[PDB]
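Subset of chains shown; positions unchanged.
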Amino acid sequence: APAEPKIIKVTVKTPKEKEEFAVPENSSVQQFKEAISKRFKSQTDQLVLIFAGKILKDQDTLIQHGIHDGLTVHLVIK
Amino acid sequence: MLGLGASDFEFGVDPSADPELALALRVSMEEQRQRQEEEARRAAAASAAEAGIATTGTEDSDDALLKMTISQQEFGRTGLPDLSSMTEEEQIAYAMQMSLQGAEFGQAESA
């Protein structure tokens, strides 16, 4: 399976708990937000991702930020 | 005065007036550091293995001089990057890039 897009697992930490999500390394933040929103049953408009000391939004990309497998993201709902 | 100056960092300390955000970012930075440490120690661990497999010498100073001399020469002769001068990974990457017929953009910070 020599596919360019490799699924990566990112540990999402939230005020409620932490959960690891698996998504394509070339996935977008919006896609990741959708996955997280489902697990936490939250909204992508209320939850904000944090990484590299900067807030990650839909305009941002996972790989663009250097978020690969075995990474730790900070989810902030508010 | 510190008070008037920098506006007493009233909002230059807790983004959006939320100390939590500052802590989240700090932790995020620390998380990256932890990962970086693992990679840093990983290279050291691998390097140690190479040293054990290979012979042992105390010509570290001489090696540093070679790297500095070759580094300056490499830049000047960037137009002609000899394979021998470059590392195996660099040579391998070059062949791989050609295979993809121009892998990646090949440019940093598009402008």
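Things worth noting here:
When the chains are written out, they are named A and B in that same order, and each has its own residue count from 1.
Everything below uses one rule, namely that a contact is a pair of C-beta atoms (placed from the backbone, for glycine too) under 8 Å apart; a residue touches a chain by one contact, two chains touch by 3 or more.
Whole-complex chain count, expressed with the shown labels: A x2, B x1.
The rule we apply is simple: only the chains that are shown with their structure count from here on.
If you average the Cα atoms of chain A and of chain B, the two centres end up 24 Å apart. Contact residues of chain B toward chain A in the complex are 18, 20-21, 24-29, 31-32, 35.
Of all residues in chain A, only 50-54, 70-74, 76, 78 touch chain B in the complex they form.
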